[PDB]
Amino acid sequence: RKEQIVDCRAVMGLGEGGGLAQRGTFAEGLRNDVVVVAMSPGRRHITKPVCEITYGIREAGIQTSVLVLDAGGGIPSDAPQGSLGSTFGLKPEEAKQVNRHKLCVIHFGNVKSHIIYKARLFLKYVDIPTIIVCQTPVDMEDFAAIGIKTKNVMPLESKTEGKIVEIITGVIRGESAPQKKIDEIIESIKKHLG
Amino acid sequence: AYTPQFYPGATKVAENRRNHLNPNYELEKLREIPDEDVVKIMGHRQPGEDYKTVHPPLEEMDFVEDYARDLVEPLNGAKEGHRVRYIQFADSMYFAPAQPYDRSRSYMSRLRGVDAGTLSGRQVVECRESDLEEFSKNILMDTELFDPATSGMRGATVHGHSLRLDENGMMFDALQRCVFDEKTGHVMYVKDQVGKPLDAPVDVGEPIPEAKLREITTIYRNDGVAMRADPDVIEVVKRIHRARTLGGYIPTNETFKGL
Amino acid sequence: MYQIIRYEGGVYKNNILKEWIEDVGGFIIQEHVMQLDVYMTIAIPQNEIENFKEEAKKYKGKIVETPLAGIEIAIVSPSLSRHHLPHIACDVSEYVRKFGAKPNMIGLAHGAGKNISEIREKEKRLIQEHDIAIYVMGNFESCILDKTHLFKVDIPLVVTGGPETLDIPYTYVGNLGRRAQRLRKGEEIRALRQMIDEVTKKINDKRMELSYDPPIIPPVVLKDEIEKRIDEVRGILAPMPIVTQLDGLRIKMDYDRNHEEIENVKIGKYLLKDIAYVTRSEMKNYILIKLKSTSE
Amino acid sequence: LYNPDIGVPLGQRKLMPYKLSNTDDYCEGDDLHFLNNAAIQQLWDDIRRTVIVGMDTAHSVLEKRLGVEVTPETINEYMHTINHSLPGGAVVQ
Amino acid sequence: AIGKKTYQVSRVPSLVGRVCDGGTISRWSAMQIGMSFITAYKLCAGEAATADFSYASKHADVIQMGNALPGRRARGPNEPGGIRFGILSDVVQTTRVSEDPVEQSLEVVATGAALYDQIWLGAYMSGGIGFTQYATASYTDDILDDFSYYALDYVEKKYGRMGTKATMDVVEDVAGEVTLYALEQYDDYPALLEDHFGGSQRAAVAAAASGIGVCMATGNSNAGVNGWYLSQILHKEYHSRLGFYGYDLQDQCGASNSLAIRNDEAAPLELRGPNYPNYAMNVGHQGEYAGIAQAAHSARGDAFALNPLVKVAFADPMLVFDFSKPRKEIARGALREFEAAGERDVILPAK
Amino acid sequence: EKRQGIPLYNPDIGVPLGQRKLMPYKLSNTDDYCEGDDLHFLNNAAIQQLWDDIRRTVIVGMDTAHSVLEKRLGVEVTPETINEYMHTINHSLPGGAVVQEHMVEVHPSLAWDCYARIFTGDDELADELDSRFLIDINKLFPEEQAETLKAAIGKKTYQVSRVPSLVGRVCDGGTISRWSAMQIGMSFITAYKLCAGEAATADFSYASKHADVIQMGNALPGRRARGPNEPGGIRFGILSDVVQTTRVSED
Amino acid sequence: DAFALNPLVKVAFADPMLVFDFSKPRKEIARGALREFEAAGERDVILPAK
Amino acid sequence: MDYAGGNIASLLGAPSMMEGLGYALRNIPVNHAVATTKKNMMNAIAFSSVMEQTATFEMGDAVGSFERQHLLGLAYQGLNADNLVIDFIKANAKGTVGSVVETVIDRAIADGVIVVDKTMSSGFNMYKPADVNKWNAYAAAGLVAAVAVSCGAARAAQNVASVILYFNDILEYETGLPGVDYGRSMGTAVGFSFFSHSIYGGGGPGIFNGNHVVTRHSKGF
Amino acid sequence: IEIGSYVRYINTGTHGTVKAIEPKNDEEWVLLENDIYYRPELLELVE
Amino acid sequence: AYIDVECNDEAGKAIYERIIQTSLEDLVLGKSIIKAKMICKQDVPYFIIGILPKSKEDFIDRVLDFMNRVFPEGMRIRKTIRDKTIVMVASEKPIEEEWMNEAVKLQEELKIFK
Ligand code: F43
Ligand code: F43
Ligand SMILES: C[C@H](OP(=O)(O)O)[C@H](NC(=O)/C=C\CCCCSSCCS(=O)(=O)O)C(=O)O
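Chains A, B, C, D, E, F, G, H, I and J supply the protein sequences, listed in that same order. For the first sequence, the tail end lands on 198 under PDB author numbering, and the numbers increase by one without skipping. For the second sequence, the tail end lands on 260 under PDB author numbering, and the numbers increase by one without skipping. For the third sequence, the tail end lands on 296 under PDB author numbering, and the numbers increase by one without skipping. For the fourth sequence, the tail end lands on 151 under PDB author numbering, and the numbers increase by one without skipping. For the fifth sequence, the tail end lands on 553 under PDB author numbering, and the numbers increase by one without skipping. For the sixth sequence, the tail end lands on 302 under PDB author numbering, and the numbers increase by one without skipping. For the seventh sequence, the tail end lands on 553 under PDB author numbering, and the numbers increase by one without skipping. For the eighth sequence, the tail end lands on 388 under PDB author numbering, and the numbers increase by one without skipping. For the ninth sequence, the tail end lands on 56 under PDB author numbering, and the numbers increase by one without skipping. If you count by PDB author numbering, then the tenth sequence holds residues 2 to 56, 125 to 151, 153 to 184, one letter each, in order.
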């Protein structure tokens, strides 16, 4: 039980009856322990799967920061045969804001082939241990098949400087996350933070 | 004979549409993109290697004797026998020099054996690969039909024809095939038209200035030239609509007396 | 003399408008580009209001009058748990942001409960470091009435609560309690507008009180001078690296490594240490600046 | 300076809520899909389940083929019966 | 219009139409009508007069919302492909609660979009994403509202609500003016253009406004669709783009088929529907066609468009969906505050 | 509460029910009893789901599509590419839009019953494919039945699309084929990066969603006018093949 | 015989992912009669709880 | 109610499986007509035109004031009346679709079918038909010739939709005159475009027949 | 577990042969045919 | 689900009714619960929430999550009774026996709810 102060963003949200967060914005929780990364300020990512994880971390006693990615939708351009639909990417300032935290929690989606290259590009610039929160069951070996550092399944040629420390499956975008998933996230953060 | 007019109107937009439709009008060229660079942006074949074939050459295949079919001279790519490829363009509503229906009409008026398709934010022309590369270099890319900022050779994800331009005056691209190089002031294609990255970026030239874009565009805009300033085009459109209505009602000469 | 407004236009030819703002002496306080539109909080001289409006309508931009874009607000939620954080508190914070103010979420360590509630002195002084504090309370009359000791600061205060009318000796805005939904109904929007009106009135009274004896230098041009001199201000990863307060600034650097650089800044012909109170901030060991008036 | 790992933001307007015409309600685009909107489904359901039958030939069949007089009391009794039978209540058998 | 005749409105449960198809409804109502007739008048449980009752309730005196579509369409009755535009105009009850003709036309536009484009085209003949942004472009912001109010103002300034007889010249004048205004508003406001980013959306909205204006000028529905088609082909020359390729099939043959008299081509717009041969493929037309059909009668201040029985039956306050304000009901359903029928929670285990 | 005084169910009017003993009903080969009202299809969710699962099933073959991809489109078809396509269609069939966050999508919990499965008579393709979305003939059937079914099917690959039940609830039975065909075409042009504006894509669309489509029921003509995948169009042999008792019983 | 009319229909409905398992049709009708059958197609996430 | 899995076939489908009433004769696809005529151009055109216009007579469309236009369309499009199709193809051996449009306008002016209506301020003398049905027949013959010229240049049958669509578009905005079938040919060309050029499409142009919802709109043109 | 043995992954079922054992950071790691390190506690011996 | 709140605060009643409705909607629990009655005693801080479920342990975990969502922050000392009707009392003080007697009264009055 201690005081928890958040440096709020400087930009207003999406209109009047819309989301409260804005794309490409960072909200510092003073003391930098856990940063929660959201792909977009839309209803698929904000307050249904992300702010719930955020309040679970804040209820566990760990100060939390929420960063909304500027371009979090789609696949990176280094995916096979280029990108389609939209291009996923990370800004250097976003990577610097993530890298000052002890741990990262990132929320991914459905398709297995999208998540692996998204995590590879994210960990090409992020060097802290991150927890991947997705919906479909991805095994923590398919990331090593494309060269991602990983606690249990290392690659021979590691193309990332950050390590996936836990995969948590069963969190749907735009839906209320149950207490059991929050408890798994809290236990993983406590076991891999101190 | 008959001297062909191409489009009604007195404004600069109607004049540009007439110039695009005219096959005897030489389009002003504004850049030099080499043939292998156009092939590389097109992304269909490796430059320097032979064209892939879909059938033997027309001399080798035996057809039935047809007098009417043999009157038409085939294309060279049809003579050798080449696969039919495509080149796709997106055109911004903010004073792009070429526009989709204008592009399709000019292609079908100027080129032989082409397959033109028109969408709101898309325009594609299909032809045999050698001839398609020839008119892609000669007409589609280097002339005043193309602007590397307000237009772009892009397949796959197309979006941004109705969106506002970016800080460099370029059309929005979700895949970012072409970027702006501020050191040279030129637009460089870092990906091909479908999205895989290029090993060497290719200079398609610098953006056309907006003052020239006002003169060479084929779109009507309130901030540019509106159709209210061109009553001749509206009258022709209304005459076409009335003639269609009268023909659909009763297609006789007495019903067309009220035209 | 420096009216602060928000510009919402496009990124196309936005650099030319920024050059015009720099030419007329304006200062860009905040810039954010989402995809193709830019939100720009600009402080321009009052004699250029109509010229900037004509310039903005040339680029099809929008001028939004923001009455709170010179202050920072502390929003004191009882905790950062699921009860108060993910709704109401962000609704209040984003509504405050919509009128230009820079908010800070203050989650009390022991702010929950009816009789077990307490407020620490460190949290107290962090609240006093802001210009105005907004308390987001619950929806029971007796609970808040037995919780007056939380609102014990010499700062302008607006208390938001569930009951329509409360008998506390502070400014109170009703129909904003603890909820679990996004504030979107008409009564909720009306109550948010009411809270905005009360904080606007308090800020205007404090602005008149400051205008009775003006400071040596306005905070906006002091922030501009600090960004011109200190070259480490562009390396700050915080949301707002320099927060313009009502009568000062909050520079988000380490106090121990940067206070001697901040104090030895020559503005006009004056040194900063003789004209401002450079002190350590309770918020993440930052630097807080409090301006002196012309009387001293 | 060209970094292909920056990414391109897309769909800023499509993240903002949609107003509804002549109302004051703002909603997300995902809630306007007919599968996600129960009101659109009920709008089609109410049209689909509506059948109008003229009860004038039936009264004539009752009157002149069966010799049964039709009064508003009998019509009220019929309405009471059919409000039980149409949901699926049992009247004979 | 009804006369001294008595009618019965049978509303079967929504669960019945959810488990089964739309052809179930008339048969369900017919068996229950026959059962209630034989047990309320104490008749024999099965005789020749019972067959007379069954034949009457099955065809002779039945009124279906939609016709059956056998053959290629392969669909039963009470399907959204069989619902004519006048029938859907009479379903919406904005006429009896409001005097604004533009609002009456636009609620029918919204209902027709949400039915035809979102359901009948979104899922019945397509799948997956469907056409949400194609249809919501007609009822989300007041773009179509502003365009239609400009059309009404322009018509009332120079013609009046019924001040002119339907001729070619008034159709050309009104449709051209409204199309030019709508495209000028798209040019002047980048927010409007970015909202209606697809060309089909813009074309449908501008042409719907032009057709509504022509209907508010003449009161003729077929002149309204003629104005719609002129607006489409004038949009095509303004912006050198109309929509996705596949959109303007019916817009090209429209002018010829709008006032035609041939068997496959002639039908009044109230009697037209999604099974009209030109209209049986494409999104962005049918819901606005229903609104133009309504606007033909809103200019005259008519109580109904095609069927008075449908109007009276859907004026029933016991309906789950409120047809007086379809847009408010859609907004309620988008915010998880609409209580819908057809659910089965009493026969399901607790999750 | 809801009806504001309008009568709905009146057991007093009509037949006086219960003059004889209303017997319960057993269910054959099961040791449980129920009332007769529980066996009504409106009161029984299991019968509704029995019809729902049949209505929402479309079987499409992917051998002409693979041949068109290999030859006419010049795209290699590997088991890895088939796994990628299966992931794409499993995301896209319920309501999903692949890498398009701006697109309106159906809520995923609203379509939890939606699956896209694959099976093949080719054994090495079967063990080279992912078992997450594979209907394995060898482990679901006895050895002689599996051999007979593999001989009858051949060396061909088929995909089973289970359209979500709510789609069949809101719409009719003929909706299912269009839904499955549209999502199969979208997932094929997404997983294999193909141009969607050429005639070769039209030929591939025919090969992928109009060449080997197996529907559960046919359309019905005349006064019984109905679309496909309605229970009047289901032949007796098709329904016999729907029930799987030969798998688990020899009686 | 392994099948009656269509081998493809026989293999397709052997899928364990089906909510209604067609191996024992009598047993599941019993489960739906005792209100212990979890059916699909319920719009519980887009409806109010009151 | 069909012959699906059998081994007996006819050129006509089931009468209950028609798009509209009287649509029985528009069931022969393009490929059947081409194979019956042994891949001969003019004979396949004549076969398709004879079936389509006889079907329009069956539909009741070519009754009264439309009979002359359908007879002229049949004669000039399918049977090469006055050698118009062959003359346009010979004149545009090296040409494009726009050159075919120019030759059609020149022939219609020379034969007196169309005359100048009025000249606008910006030039562009408008054209009106002195004989409406004859102008429709001339435009239909030119449409066939334009398709032949473009598809003989490309030697590929994928160009049909674009050629018909933009032939009608170029002719309309070149003369101010209506196109073939007063826009119905252009609408059917849009149908051909979305049916044979997309993943929303299905099949190629060889399976085009008038008993389909996509292709039924033009009455044999 | 040694070179030439047949091993499987419990989480997915990836068949492969052991290439080498390369300890690092005082921890045991197993290198397989696909050039991917694995953990011995997550590997089992099959025959 | 039937929702009612017993409280002497006029605004707090409606606000906590909306809170219970939102927590039932978020966990998708509105159809699996027949009645949800909450008794708000704020003069002496103690709150009782009673749940009457329709007709496994995952459902009980979801119901406990629902109580955690509805119950206020400071009421941390909690004790629940489950005999097919789940009733929990939350307070900032140790739970008194009179509060438990009121909990059993609520449980018994929810048992006969039909
Ligand atoms: C009024 C009819 C005429 C008609 O078209 N259908 C009736 C009634 C109808 C109604 C019953 C309405 C209600 O519940 O009051 C329904 C359900 C059809 C419907 N969808 O409305 C029905 N019968 Ni019938 N009907 C049935 C049966 C039967 C058997 C009853 C055998 C006997 O004991 O005499 C006889 C046929 C006979 O001539 O033998 C029968 C007749 C009749 N059946 C005769 C006369 C009934 C009478 O008792 O006065 N049903 C049965 O044999 C069992 C199945 C049962 C059906 C419902 C179910 O499956 O639960 C029901 C099916
Ligand atoms: C992405 C595609 C690929 C394709 O085959 N069709 C697409 C996508 C497809 C999918 C989207 C789902 C997915 O996973 O792909 C569906 C739903 C097809 C359907 N069943 O109706 C759709 N489009 Ni499209 N599509 C739309 C639209 C549009 C507009 C977008 C204009 C722009 O420049 O941004 C344009 C058509 C045009 O050019 O006029 C468009 C194109 C395209 N559309 C092209 C563009 C790229 C291509 O060349 O391959 N859509 C719109 O204009 C809005 C309505 C929207 C439809 C869904 C909705 O109503 O919610 C969707 C309708
Ligand atoms: C729905 C219609 O049939 P119906 O109107 O008779 O019911 C149905 N139409 C189709 O199948 C065809 C094409 C629809 C797709 C258009 C979606 S618009 S979004 C991308 C389109 S484009 O970019 O390629 O232009 C048919 O089978 O004819």
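If you're looking for bench data, these hints aren't it; they were derived computationally from the structure. Check the hints yourself; a few may be wrong.
Here are the simulated SDA-like cross-link-like pairs (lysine to any residue), alpha carbons at most 20 Å apart as the crow flies [said to hold, decoys possible]:
| # | chain 1 | residue 1 | chain 2 | residue 2 |
| --- | --- | --- | --- | --- |
| 1 | F | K244 | A | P84 |
| 2 | B | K184 | B | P202 |
| 3 | A | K106 | A | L160 |
| 4 | G | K527 | F | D89 |
| 5 | A | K185 | J | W169 |
| 6 | C | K290 | C | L271 |
| 7 | G | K553 | F | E52 |
| 8 | A | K95 | B | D167 |
| 9 | A | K100 | A | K128 |
| 10 | B | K197 | B | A212 |
| 11 | H | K261 | B | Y26 |
Violated hints, by number in ascending order, as checked against the structure: 3, 5 and 10
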